Amino acid sequence: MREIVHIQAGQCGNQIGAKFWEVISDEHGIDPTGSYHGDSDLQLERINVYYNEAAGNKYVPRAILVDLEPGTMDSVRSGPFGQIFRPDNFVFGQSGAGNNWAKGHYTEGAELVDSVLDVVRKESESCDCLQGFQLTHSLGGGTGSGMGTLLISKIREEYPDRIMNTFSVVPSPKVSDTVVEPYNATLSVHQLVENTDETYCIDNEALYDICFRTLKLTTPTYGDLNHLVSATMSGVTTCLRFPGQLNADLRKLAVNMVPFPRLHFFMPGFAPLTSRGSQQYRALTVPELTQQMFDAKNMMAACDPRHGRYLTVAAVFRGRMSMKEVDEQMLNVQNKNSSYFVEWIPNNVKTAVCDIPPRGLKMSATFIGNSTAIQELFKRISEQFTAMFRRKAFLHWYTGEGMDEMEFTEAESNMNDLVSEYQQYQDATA
Amino acid sequence: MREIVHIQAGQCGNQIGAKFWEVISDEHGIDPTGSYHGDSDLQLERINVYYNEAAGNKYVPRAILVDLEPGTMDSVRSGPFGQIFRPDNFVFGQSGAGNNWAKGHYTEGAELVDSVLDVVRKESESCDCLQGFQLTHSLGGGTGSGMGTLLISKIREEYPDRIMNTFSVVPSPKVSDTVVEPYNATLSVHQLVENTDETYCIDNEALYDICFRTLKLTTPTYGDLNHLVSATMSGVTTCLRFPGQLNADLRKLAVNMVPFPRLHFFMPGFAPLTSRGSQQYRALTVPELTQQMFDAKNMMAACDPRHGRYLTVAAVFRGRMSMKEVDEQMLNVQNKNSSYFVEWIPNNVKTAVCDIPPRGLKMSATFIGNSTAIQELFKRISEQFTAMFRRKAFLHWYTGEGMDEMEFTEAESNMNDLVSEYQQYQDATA
Amino acid sequence: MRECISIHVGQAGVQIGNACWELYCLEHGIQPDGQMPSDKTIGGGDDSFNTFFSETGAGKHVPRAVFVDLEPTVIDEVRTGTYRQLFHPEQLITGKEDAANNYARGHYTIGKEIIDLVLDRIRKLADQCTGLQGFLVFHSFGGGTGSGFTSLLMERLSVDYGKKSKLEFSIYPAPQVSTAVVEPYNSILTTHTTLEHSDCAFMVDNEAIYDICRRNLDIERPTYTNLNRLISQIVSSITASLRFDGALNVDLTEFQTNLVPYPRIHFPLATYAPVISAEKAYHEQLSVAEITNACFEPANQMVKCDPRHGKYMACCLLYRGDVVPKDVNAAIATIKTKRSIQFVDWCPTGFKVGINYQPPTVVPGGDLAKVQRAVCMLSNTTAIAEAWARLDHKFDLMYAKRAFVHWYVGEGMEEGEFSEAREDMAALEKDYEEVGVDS
Amino acid sequence: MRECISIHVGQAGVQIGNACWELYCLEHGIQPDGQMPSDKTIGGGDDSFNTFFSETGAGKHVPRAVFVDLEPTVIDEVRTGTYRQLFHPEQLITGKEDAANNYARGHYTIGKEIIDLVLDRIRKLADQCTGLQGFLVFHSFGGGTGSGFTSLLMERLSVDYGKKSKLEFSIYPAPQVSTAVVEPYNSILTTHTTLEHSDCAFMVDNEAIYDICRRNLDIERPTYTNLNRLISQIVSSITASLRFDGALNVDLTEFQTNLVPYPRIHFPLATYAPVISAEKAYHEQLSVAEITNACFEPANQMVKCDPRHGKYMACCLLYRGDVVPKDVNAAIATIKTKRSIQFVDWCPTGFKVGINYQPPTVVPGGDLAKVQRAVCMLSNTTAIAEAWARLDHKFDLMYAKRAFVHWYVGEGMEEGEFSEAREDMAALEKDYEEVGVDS
Amino acid sequence: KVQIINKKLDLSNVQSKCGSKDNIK
Amino acid sequence: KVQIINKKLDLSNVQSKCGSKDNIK
Ligand SMILES: Nc1nc2c(ncn2[C@@H]2O[C@H](COP(=O)(O)OP(=O)(O)OP(=O)(O)O)[C@@H](O)[C@H]2O)c(=O)[nH]1
Ligand SMILES: Nc1nc2c(ncn2[C@@H]2O[C@H](COP(=O)(O)OP(=O)(O)OP(=O)(O)O)[C@@H](O)[C@H]2O)c(=O)[nH]1
Ligand SMILES: Nc1nc2c(ncn2[C@@H]2O[C@H](COP(=O)(O)OP(=O)(O)O)[C@@H](O)[C@H]2O)c(=O)[nH]1
Ligand SMILES: Nc1nc2c(ncn2[C@@H]2O[C@H](COP(=O)(O)OP(=O)(O)O)[C@@H](O)[C@H]2O)c(=O)[nH]1
Ligand SMILES: [Mg+2]
Ligand SMILES: [Mg+2]
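Chains as they are written, first to last, in this note's numbering: chain A, 5 to 434; chain B, 5 to 434; chain C, 451 to 889; chain D, 451 to 889; chain E, 6 to 30; chain F, 6 to 30.
Simulated from the structure, these hints should not be mistaken for lab results. Just to be clear, a hint being listed does not mean it is correct.
Below are the PhoX-like pairs computed for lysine-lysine, each with C-alpha atoms no more than 25 angstroms apart in a straight line [as the list claims (entries may be wrong)]:
1) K340/B <-> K546/C
2) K880/D <-> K26/F
3) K614/D <-> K562/D
4) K220/B <-> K126/A
Throw the hints in and build the complete structure from the sequences for me.
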């Protein structure tokens, strides 16, 4: 059947994907030994979409781990779920990227990409029907950014008809964690906009806001943010694994959600989100999930969507629900807030319903929005990048890896053109 | 029935064959006393192909040990399985070869070959149906090289209609172990190309690469490399001993694999090969064995086969399998990589399936490839040999044994002609 | 006697097929394993279900159906459900990637890979029939696999057989509710390619079924279950004339003879009555005239539209159960007398009637109360012209900016196809506007 | 009554013989020790298997077979298997070195050492028969021992007896799958030497059987076991006309009388139907017409080729079990009506039919579901000309460089033999091209 | 330096196809 | 100092053997 090759790259890649595989193994009843010990047939009905079965009731997650320094991989291998992963797919270098995109893309990635692609081909030839590739990585991180751009280019050349999905951690609007993050982000998007099919933008700052505000958490960790991101990832591909009243694979989402080839970035969201104490005072209904999804404070992206308009909206629900209820809620949303949707797209909302709810919830819903408001992210990145580039800030660190001024110039020009395209598609024109 | 006379010569001969007889005695349930203590009738159904039965439930391996210094033979006799071998067949000299092919071929071999051939005739007259002779030896070693060339010439004259198979350890591309290895190798092949039926090229360096890379071994020994070579040897002649869905003796391999009389060198391979930890994460299927066999890193020869093309491919499988599965995998291999096969040979792959798997495995497969890429080995040997011969490097050590410059000249000319023939058969011509 | 092949294409096709075959097995008393609890006659007789179920082995009834989809999940759900041992394993055909709501994929790229296998299975099933009369195709316009593969299969079947009737039950895109962003393009392309190759396509609407459930059945959470059950009731009422003897029998050809005035206007609207919950069943006396009057109320249309905005060209009244023909005569006379319902002047005889003795059967655990008589009505009216104009307007809005167009173009869908489809839809709107003008 | 000697040569010969004799012992109710569990008649009667099993001692049935091979392993596997006590020990002849897929070896060098013993055993077996009619030879073209020794034995038997029919069941080299590199030379040489000495050689293909198993039997891992079982079913259906009384009996001579239009074109293709798994057996009604129609589907040919690319010259329909002759008449008329199947114009009467009462028997632990009727079909069509051209092209590609030629030349195979064989194969291709042209 | 891909779309003059008026005379 | 053994191979002119046209007149 359809199979997904999950590629992990960078620190975000490794950590987020470790939490992701924890969640996925929990959903399918796979204990840390790889042996199936679940309680339902649907867990094994579509176990092959993310797992390879080695005879002996052991299942191996079809994942590839990529990094340039073995520290994060050692931490992953020694932690929980270390022995389920077949050790063939721990492909790492020795130098590290040093947060330099130029380094990770032209020297260290250039040295390691042959082994990584051989592993990719090994995992792809063993598949029954390769559906798409999922990449978890950060943009500010040099390893993540560079290795991901290189791998995406090479794999797009290798399989031009497969789905290339990426979950990227984007720069924060206030608190940056890397000095050279703007250049890495610019040079990364300069290739992501060309080779990827769709990219989900995750900001750590929005996750912190959700954690302190909604969940009432006082000591949130990167692991809990990874838990939220992993819940989103599991909600995205719930139709590839369990039946439902209305299913939607990855290609259906790509078709319904990308109106024009370059405007493929999406803002993910999740519902329901409650603190532990407040769980006893709020009922779980479809209107509740709908109101939590279409809320500015519940957007995991670093932008208030009320500043622009939406082009496409995807809402995948989980758990037993009424389709009439969901459709009426979507009608109410589109009617009451019609000014937030582009006039040239009638029927802005795409829906899907899976019959299997997440662990511990009666019902949930995953939000995916394509809003012109995301132009704020790209405009801020362009402004910061231009201000830094005028003074040649840290430019020698990248020119020493083989880059010239023309590559930065072309990246910045393409970024300005992308921002201008998003601004162009805010005109009603009718 | 068909019988095989195993001749051991040189240090490679003695060690590799000691490990080989260990493996063979394990497969047939023969304990270190020679008494049969197995558990299946097929162990004794074809026990006579490698054993002579002396009344008393004792079986003697039909092996002949040849060397020029008694040290290695003492080590073999005092080690495991020392008492099963009938002590009649420990035929050794006293001087040693000193890695000089000229010495071992014209003086010490000339003195010992009469006793060795008398032992060969004794073992051959006792046979029911002599099938072929198997020789284990090295090329760089003076004892191995010289004694093997002399014995092969004499036995070919004695039995011109029997199968002459040799398993030769070839020089490594980077790390040579003998100063005079190139001359020994040139003068050895100058006779092997004339008198042998087929030669399997084993490089110790490729075995080291496989050991550190695939098996994840940190302290590999010559004995473990001999274990790999012995697994290959046992896989080669599994059809001479156990039944199966499709059997193939040695003459069938010689016919199907040697297109032209001089291009008889083959590159052996083996599958499956896994580290101990990775065994729990990979299933054993025919596609897995097929992908491991047709892999450049799994070739035990010192050459990347992707530089040339194949003429004939032999793939002998062991264990219960589906013939449809194997045939479909072979079709996929020939179709996806058609550019690596010569256009003038349709149906490049020969197959065979034995129903008895190796000890501890559900299924396995032995690879035998006849690729034009092996011209790299012979070309490097010719280049090194020419560079050494221009300065008469170590030439007196060989001229003192009776050799003249004309013998070296003829050997080098024949080597150049063999390289030119391999290059000629890379032309599609159609 | 007579035979009909039921083809289920896509998600909605397979789900509606599950519901329909459940209802058929309930009506004919066929156990989920193809056996009959009263298996007293084997391999023939009447036993009138020989049309839908072939006789194999000894006492096993096999439905004459073909389930086709490019996404294997729903077919696997059928393969592991209650009726997994009912259907022949060779009747379930699956691809390995659905069309992603892209008509171009299902019509050109992916549909061409299994269309030959589907046609071969259809031919094998048809060669076992002796009085094959019609083909039933269940699909949704919005669904890519449904839309594209249905267009392809309709063309292929129209070429192969030609003179066999081709009836479609299809879910019209709802005027407000949508499930895919690219429903306009898929719908327009499918309609353009399907128009001249279909004899009669019956329209239904999920939003109208939502309203009907809430108002009549008093159900607040009617998921696809109740929708599929109502659709199955309508389909069974349509096929009951073939499956059971009636006072006035109606074959399948009479539908397109009576409902299609012009070759390009063959989109009748389905309705159903009575639809009452079990709670109000004991406060109601369901007479023939009352059901006949309720059939023409705009609140009971299975397609969200206002029949009062247009005129009727043909109306088929199919009665079932305890039905007196005199009461039907008087009710039709009263309906014609009602001045609020307008018919085209060029059709002075606008009714066709059929009465079958078999009363409707309620599925255990169902929603509708058991009734001694029911009426399935099929009407061809010019009111759907407004829905066609709405779809064309949405298509224009999305196509003026070439929205989603690259997705179709990449699959080989040349751009001129959209212009051709748009002009053909405008021509269909012109046809409806012209036939609705009196003289 | 009538008698037939079954000769099994080579690996495939001996394996197919094991399968065939297992099936015969199952059909006639003969225990593995030659005894009968219902041993009520000894040394005669009907008891129609007197053709294949000779009566010896008191209650022991001995198969009239001769197993020949140059490699003793498979014959020893027979000598230690289930039927080791069934076969006469003098029926198992072994050399001590097989031909190594070298036709020259098995034809000249090694075959000449045991051909005399094999012929002496064949004469001893034939002298015990009174109505000996035919010889059955099982061999594969690619296999050296099979190929070479079969060519030699065919020449010797054609010289010795002459007027006894000589039928061959042989595994045609698959178009894509191969097991030996030198299959082209062995195949071409064997065909050249065998052509004028065989009455009818039936073609089968392991790749076609792989496809048939996967599609119809739903088996993912069908090793040589399922292949041999299907081949044995075909052979048993061919010999059932002799072994059991039928409504229309067919001897062995009628096959070459009806299937061989010209002395050089005697390669009919074998097919078999129905081939269904036990899971879909209860969702299927296997009528006579359905099996007859499925017999002519290109997906059920035992030889990988497209029958639609050529024309049929003769087709033999052998029915077994619950078969009504009127249904066969109507099915043949329908097949002739089908315009997609083309027959040569010079053969207006292209069918031969035979109906036997004995239904097929399923081997316990087998793959095929039990059926009350089955049809074995043997058709001579010009579609195999493309396979002959493919083999000739491969032979030319390998022979232009004299690849593997020294191996054959050393064994005494003079080089001109290859040129003669190539010209003769070109002449066979010309024959097929000429007979396929209407006038 | 980009511009939105807006096209002037029109179904200018489309005639009916069913000859509903062919026998009006 | 070697050359590949390539031969110019052709089945030049091969006629049929079955007299399928012998009675065409
Ligand atoms: N009434 C009813 N409508 C359904 C049902 N299932 C799907 N639909 C309708 O089908 C439309 C979407 O098309 P689908 O049939 O789901 O898609 P598909 O046929 O599988 O083709 P793809 O687009 O490739 O998936 C939605 O607008 C639904 O209204 C059902 O069970 N009952
Ligand atoms: N269907 C089927 N084909 C077989 C079987 N055994 C062998 N073959 C075919 O036989 C061909 C090879 O020839 P063999 O019969 O094995 O060889 P041989 O007759 O023993 O003669 P040698 O070449 O000397 O070994 C292969 O291409 C197989 O397809 C079998 O059991 N069933
Ligand atoms: N959500 C999340 N973000 C992280 C995590 N670890 C690092 N990041 C973010 O990733 C960025 C660091 O880049 P990184 O990938 O670690 O550097 P690299 O080695 O060059 O790839 C910082 O901006 C962090 O905010 C994590 O566990 N979760
Ligand atoms: N694989 C393997 N190679 C060996 C072994 N012992 C020696 N060799 C190789 O053989 C060569 C030495 O030649 P040798 O036969 O010992 O010298 P000889 O006395 O003149 O025959 C070296 O290049 C070694 O790499 C062994 O046990 N296994
Ligand atoms: Mg679908
Ligand atoms: Mg053999």
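Hints versus structure:
no.	hint	in the structure
1	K340/B <-> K546/C	holds (22 angstroms)
2	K880/D <-> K26/F	holds (13 angstroms)
3	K614/D <-> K562/D	holds (23 angstroms)
4	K220/B <-> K126/A	holds (19 angstroms)
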